[PDB]
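In the form deposited in one PDB entry, a lone chain appears below as structure tokens.
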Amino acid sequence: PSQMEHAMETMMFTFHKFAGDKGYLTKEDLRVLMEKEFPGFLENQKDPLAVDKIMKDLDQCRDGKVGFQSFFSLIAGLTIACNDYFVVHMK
């Protein structure tokens, strides 16, 4: 398997730990999920409600359910943002 393969796969099943066996992402284990993932992120953000602030507006946020499509929208906003500062600054 090429790296991209197991990277996409990680994108897949990392969502599956905290989506529960229910299939929808709750707000709470969404909090836990995002927390599990990023070392230098949630501490930097001062707002203690930050994860919940992220929950809204995100693809379908309105019911307490976030699908894989929506979580992937989180990855879209985030990972595109990263690459931009990679270009206009690091590159």
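Think of the rigid core as the biggest set of C-alphas that the two forms share within 1.5 Å after superposition. Numbering follows the first chain given and starts at 1. First, how it differs from the form deposited in another entry.
Here residue 43 counts as shifted, since its C-alpha moves by at least 2 Å between the two forms after the core is aligned. Once both forms are fitted on their core, the CA shift for residue 30 between the two forms remains under 2 Å.
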Given for the second form:
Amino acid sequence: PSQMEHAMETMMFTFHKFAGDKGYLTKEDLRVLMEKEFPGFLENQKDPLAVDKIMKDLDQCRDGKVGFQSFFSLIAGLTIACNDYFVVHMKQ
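After the form deposited in one PDB entry, can we look at the form deposited in another entry?
Shown below: the chain alone.
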């Protein structure tokens, strides 16, 4: 019930929805997740291999499996840059 609890819940559910019962993301689940849930980031940085570069960044164990924790880094990275952009706006 607070606004933050709702937000954390939606990140958790989001990840589980695309991870299914195995509970990890494969490059292809990652790809479907990003196209559906990170359009904003996908429409702005137009490299054909964005998802391929994120996956190599995210798969520290080099086993093709993205856990919640690694997934969370992605979210962190993008939320912080979104904040940098938001603060730089602040003006008149």
